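Build the full structure now, drawing on both the sequences and the hints.
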Amino acid sequence: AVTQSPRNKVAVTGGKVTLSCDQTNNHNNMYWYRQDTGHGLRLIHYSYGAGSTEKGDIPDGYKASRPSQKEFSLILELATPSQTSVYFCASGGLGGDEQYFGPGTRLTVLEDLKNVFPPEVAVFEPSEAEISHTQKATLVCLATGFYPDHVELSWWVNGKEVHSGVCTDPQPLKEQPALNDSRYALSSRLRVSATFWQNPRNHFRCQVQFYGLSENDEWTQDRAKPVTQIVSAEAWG
Amino acid sequence: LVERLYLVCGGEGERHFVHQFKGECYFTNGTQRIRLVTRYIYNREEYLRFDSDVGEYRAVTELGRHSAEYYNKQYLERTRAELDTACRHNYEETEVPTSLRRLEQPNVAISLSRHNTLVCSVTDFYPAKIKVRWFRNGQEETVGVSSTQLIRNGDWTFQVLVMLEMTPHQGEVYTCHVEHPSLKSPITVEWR
Amino acid sequence: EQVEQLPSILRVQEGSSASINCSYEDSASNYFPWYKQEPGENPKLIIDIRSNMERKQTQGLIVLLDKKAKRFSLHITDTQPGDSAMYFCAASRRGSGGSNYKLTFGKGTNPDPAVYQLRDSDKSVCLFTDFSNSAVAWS
Amino acid sequence: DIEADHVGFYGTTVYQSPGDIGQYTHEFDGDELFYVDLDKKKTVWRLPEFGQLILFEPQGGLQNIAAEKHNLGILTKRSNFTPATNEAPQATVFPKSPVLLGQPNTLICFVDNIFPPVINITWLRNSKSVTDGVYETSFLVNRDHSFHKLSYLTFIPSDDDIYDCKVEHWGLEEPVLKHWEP
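Residue numbers (the entry's author numbering), protein chains in the order written: chain F, 2 to 238; chain B, -27 to -15, 5 to 105, 112 to 189; chain E, 2 to 110, 120 to 131, 135 to 144, 175 to 182; chain A, 1 to 182.
Derived from the structure by calculation, the hints contain no laboratory data. Beta carbons are placed, not taken as given, at the ideal position from N, Cα and C, and that holds for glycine. Some clues are possibly wrong.
As the list claims (entries may be wrong) - Distance condition first, Cα-Cα at most 20 Å in a straight line; then the derived EDC-like pairs of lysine to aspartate or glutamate:
1. B:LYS126 - A:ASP159
2. F:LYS10 - F:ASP98
3. B:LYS64 - E:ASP49
4. B:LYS126 - A:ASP29
5. F:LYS10 - F:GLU176
6. A:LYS40 - F:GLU55
7. A:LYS96 - B:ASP121
8. A:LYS69 - F:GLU72
9. A:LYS69 - B:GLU(-16)
10. F:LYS161 - F:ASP98
11. A:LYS41 - F:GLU55
12. E:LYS37 - E:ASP122
13. A:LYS69 - B:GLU5
14. E:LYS68 - B:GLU68
15. F:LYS71 - B:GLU(-16)
16. A:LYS77 - B:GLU36
17. E:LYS69 - B:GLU5
18. E:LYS108 - E:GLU55
19. A:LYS41 - A:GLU27
20. E:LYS136 - F:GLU176
21. A:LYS69 - B:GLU36
22. F:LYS137 - E:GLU15
23. F:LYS71 - F:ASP37
24. E:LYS45 - F:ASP37
25. B:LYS64 - F:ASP98
26. A:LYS96 - A:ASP31
27. E:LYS69 - B:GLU84
28. A:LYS77 - B:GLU(-16)
29. A:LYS96 - B:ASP152
30. E:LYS71 - B:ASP75
As the list claims (entries may be wrong) - Far from chain A by the CB rule (all over 12 Å, computed), these chain E residues:
31. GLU39
32. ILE48
33. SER52
34. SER97
35. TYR102
36. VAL125
Here it is as structure tokens:
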């Protein structure tokens, strides 16, 4: 398989970025694509082997490197806001056909560090009006006032991740679309029968994962440092 | 510039070790019945071999028993396809406009070697198909004719030496007569 | 010049057939396949075809080529949501190659209402439901 | 085994280790169409004539090379690092056109039953060594999966010139001398 670290970075304009890859398929040729909604699946750079790196479709500002069979690294010498996108890796070779792509990498550049925040996780409890009528129960999670827009949300019953009956904002919503920031918002839904939302010993938890500032990140403001953190909220039946 | 396509070799899952890939297109009668054969070789042992007449990959020695199953899954599509996409396209687009269209004019010369021996020396032809007789005075001489094998100089030429063991009376009409088919007309060389 | 996809965006009723067109330069190319990027995931391969033939149909998946038209395309039967993905169209000189060695890739591709309440464990948001199906927005 | 008018050996990789030796060559009825030179990554056509009309993309020799390494990897283990058995090459020297004083010819040294694909093939004129106006082939496949290889000498016949073709190959105790005289 493929993998790639980072999986999400948040950047600072005028910095250096490096995304590695590391395929393990013993494959010959490796490629960095950038997927941006609107512009498709564009090819940045690539290679046919340990050593050489060829220009792709969109190699402007993207100096690419590959030291060995395993590793292929995309380098963004100097950041700008327009370098902001998803980024994918893929390997294939000996002797094909079938491009094996990586899990993905969500990057974000910024012009300033001012409007950057975590998300506040509010878990809501269904009406008794629901339980009497549809003979079942539906809990609702919300997360508001966070920058930037990439957060992963999940559900947890008896310390166990659960997928059944979960709808979620496939995309978040701009708070003011009129203003240029302007903080994003997100929602979710959970459901089971009302022999679980009545019974106490069942332990519900909504769980945003947020990928803000990491460890070494020069923090200036005198509010609490915004960082990569899980944010929770729970309920009992 | 029309492109030449390679047959694809498929990957896997003081002492010297050696691996060969031999992909091979067998034409007969134009492209009317092509046969594709790929063989995979450890040192000199042929271990695993696709052949179009069987239609799947098969092991050939115990060393390829495990190899068989894998390839049949990961290639086999695309490998049945190769016959129709780079055995053919190769022939009908690069062999036609090159090799199947080389004629190279032959090149006849006689001389005394050492009762002696005469050497008709037919050089520089292509194709290999050629006929070379010995006429001393009008009829063909059977006996005392000792030809070589058809040498292959491997620059896309040939050569062959036909030898007549004879004994010169008077002055006689000797004739190396030579049919190729870059020759519309039979070269025929004269000797003393 | 190389490959145009189409349709750009597409809707379909749960249970209808669904179809993606494509064309190429390229000229003849001998490898044209398909890719299903699941919501928020990687592209994983679904079906391929070479110039060898014009119809392949595999485990609910229908692919067609017309070589001389420089034209190929993708069809499904009796759909679900399970087949709602960003689908990806690419094409390539099978091999050998090359400049146009590999890929490419075109641009991409009880009805029973209620409005229930929900409180904080005070802070309220409400719902619109069953038009499973549900959504919220508020100011 | 195996009736046909024409044989296209298209794609023929060979890889042997240690030392990283590789060789990508196409053939048609027995004559080298072209090899891919691996350092420079360029097709190298046998008679450049063939270079004007058709092209072979060289990266595709590289691909077939890459997979051929890999499977060496796998097999060499698998066989229980059975190593290959060093063969004796044979040599015959011959000339392209009949021999005639003052007119230039070509001396040909053809070596068959080579295995492995390493040999050394060199030229002697009255036993002093010669390099100028030498050309040597690729390795060329056989049936029993050996190879044959030929080298060419630009001379101008004379007297008394004596011409030796010299082969070094690990299957040989002592270098073989092929002796030829006009």
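Violations among the numbered hints, reported as their numbers in ascending order: 1, 2, 5, 10, 12, 17, 18, 22, 23, 34, 35
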